[PDB]
Amino acid sequence: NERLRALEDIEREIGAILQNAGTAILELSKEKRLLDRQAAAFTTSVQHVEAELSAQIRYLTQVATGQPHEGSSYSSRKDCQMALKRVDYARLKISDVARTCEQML
Amino acid sequence: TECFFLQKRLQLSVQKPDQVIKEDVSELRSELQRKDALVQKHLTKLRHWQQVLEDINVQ
Numbered sequence: 008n009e010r011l012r013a014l015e016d017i018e019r020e021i022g023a024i025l026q027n028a029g030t031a032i033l034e035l036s037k038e039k043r044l045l046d047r048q049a050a051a052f053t054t055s056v057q058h059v060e061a062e063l064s065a066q067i068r069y070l071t072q073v074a075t076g077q078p079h080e081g082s083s084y085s086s087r088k089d090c091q092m093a094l095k096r097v098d099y100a101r102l103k104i105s106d107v108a109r110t111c112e113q114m115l
Numbered sequence: 091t092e093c094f095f096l097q098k099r100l101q102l103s104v105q106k107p108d109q110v111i112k113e114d115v116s117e118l119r120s121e122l123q124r125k126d127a128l129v130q131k132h133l134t135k136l137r138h139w140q141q142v143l144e145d146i147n148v149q
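The listed protein sequences derive, respectively, from chains H and W. According to PDB author numbering, the stretch in the first sequence is residues 8 to 39, 43 to 115, in order. In this text, residue positions in the second sequence follow PDB author numbering: the first is 91, and each later residue adds one.
Some clues are possibly wrong.
Derived pair list, reagent style DSS-like, types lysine-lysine, alpha-carbon separation capped at 27 Å [what the hints assert, rightly or not]:
id	chain 1	residue 1	chain 2	residue 2
1	H	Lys103	W	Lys112
2	H	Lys103	W	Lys106
3	W	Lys131	H	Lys103
4	H	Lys95	W	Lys135
Note that these hints are calculated values from the structure, not bench results.
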């Protein structure tokens, strides 16, 4: 759950770091203010993105041997399907009884 | 007293069956009204339960 958001934020930060490095290079090579701080921030963000990528790659490696988490609660799915079918059949029978009663009265 | 009432019933039936016919008609009318009321109550309950199931089966 949180690892997905972490990887998404890491990718967004890598993109932002690339953009900041490009902008800092442009501002520094245009003419010769904040170019030094911009380059420092860009280098720091690039290093942080690299560290985050290395940490995510150095994960616990849950299985890496076969198809893990086999069985997605299919029994519960089938039970819920049968319950819904029972409810639908009950509704149909109740509607039939109601039509019979309306024809009676 | 019960036997006296039944003897009165015999003499009345042999002397005036129109009263018995009227009583039978009234009993049939009352039974019809009671059956109609029971059917209406059952229909109301069934419609309530149908709406309940329709609202509960949202899943």
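Status of each hint after checking the structure:
1. Taken as a hint, the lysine 103 (chain H) and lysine 112 (chain W) pair is broken in the structure, with Cα atoms around 41 Å apart against an allowance of 27 Å.
2. This hinted pair does not check out: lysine 103 (chain H) and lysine 106 (chain W) have alpha carbons roughly 50 Å apart, beyond 27 Å.
3. Only pairs whose Cα atoms come within 27 Å are accepted, and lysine 131 (chain W) paired with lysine 103 (chain H) is accepted, the gap being roughly 18 Å.
4. A distance of roughly 22 Å separates the Cα atoms of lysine 95 (chain H) and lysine 135 (chain W); the hinted pair therefore holds under the 27 Å criterion.
Hints 1, 2 from the list above are not met by this structure, while the remaining hints are.
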